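Below sits a lone chain in structure tokens, taken as the form deposited in one PDB entry.
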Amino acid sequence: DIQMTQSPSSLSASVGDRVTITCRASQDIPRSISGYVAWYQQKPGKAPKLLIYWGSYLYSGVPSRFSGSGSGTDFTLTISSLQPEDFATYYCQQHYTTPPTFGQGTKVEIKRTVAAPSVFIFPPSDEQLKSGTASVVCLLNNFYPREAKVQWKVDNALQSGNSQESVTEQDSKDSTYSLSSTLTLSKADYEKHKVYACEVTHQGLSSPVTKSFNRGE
């Protein structure tokens, strides 16, 4: 049917940059028919928020750096000077049809200067060890860019396949990421080895950083 094709699917820009997102109605629609295009912003973990309605009206309370415009069946949302807090996925919505449809969304990412991670390592707790499993956690806090390599070593054996990483979404104040890597071992294996080391490589570190502990110290 009638749909909105939103582009680009993602973009990045620096704070202070002007950014433009476009929605085009998938077909030629008569000009007698109104679309009442809305735009919504969705931050991580949160419901969408209304930014612009009826093509170009700024919703109450929305910063004036947001604006909408429409011409024919092409619609744009413009952020005149990107702020860190504008990290989000933005969606257009058309009401030519009932039901109305949403565009596919545009992820806006923030470019900023390189920031090295602070790194921390956490032994398994004694409480967890009682249950039969040992989780070792390495934390990389507030870094940019997202790319990072974390390597686990147990008495100098490279661990492979037995860790999982999780990365936060870019922070709405400083535009950094954080990352956890969790190494899972059986209690019996945790207890056969001594040295636990997390080695971290990232563009902001001139060489790799290791954090380690010795079991039982």
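Only residues modelled in both forms are compared. Positions refer to the first chain, counted from 1. What we label the rigid core is the largest C-alpha set whose atoms superpose within 1.5 Å from one form to the other. First, how it differs from the form deposited in another entry.
- In a rigid core superposition between the two forms, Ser32 is the single residue of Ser60, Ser32, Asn156, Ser64 whose Cα is displaced by 2 Å or more.
- In sequence order, 29 to 36, 71 to 73 are the runs of at least 3 consecutive residues whose Cα positions differ by 2 Å or more between the two forms once the rigid core is superposed.
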The other form holds:
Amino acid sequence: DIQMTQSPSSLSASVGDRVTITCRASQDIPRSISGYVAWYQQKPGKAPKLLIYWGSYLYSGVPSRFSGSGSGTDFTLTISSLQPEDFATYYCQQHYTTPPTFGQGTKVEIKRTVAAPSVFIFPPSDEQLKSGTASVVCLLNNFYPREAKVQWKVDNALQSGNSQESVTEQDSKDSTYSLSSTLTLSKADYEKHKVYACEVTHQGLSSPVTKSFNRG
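Alternative state: the form deposited in another entry, after the form deposited in one PDB entry:
Shown next is a single chain and nothing more.
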């Protein structure tokens, strides 16, 4: 039973950078021994894909910017020129023994130029209101970096405990994120108030951007 320790757990690198990821076997294996590790790439909602096998061999169809090496306990995957599409989690696997085991993974994020979010607000639909609930949505579109702050103001009073955020995985072509914030009120509570707003803070923005609407 060999554990693999993969490092780093996560990193942020720029397009063109040489990125190096490491894997270490828990059991003492001498440097005369090699070729027992495979490396995989997994994009969001996709199956893993083989990049490198027997320690250093490039799998059929994989771009040549990928390579690997190692011996003893220590293996390396290298991306000689990082591309936006290389956003993924990378996993090593050992098959020196069975059970085959995987490292815990390394999350590669692509570091890019800063881009402010385009912000949008959505009132709840009349159809939804019939069923007795009101969802109000704020959308922050195609921003970088991922860090952003989103505040709900209902008749100027700040909200807490009634919203939920989701953020997409980094985009594989332009390296941006998008984020949704959804405020959920009963129809009753929704109808008691008039002005609904979304306040957005992000390092791309000179000062907070606010989007709002009034119920009519």
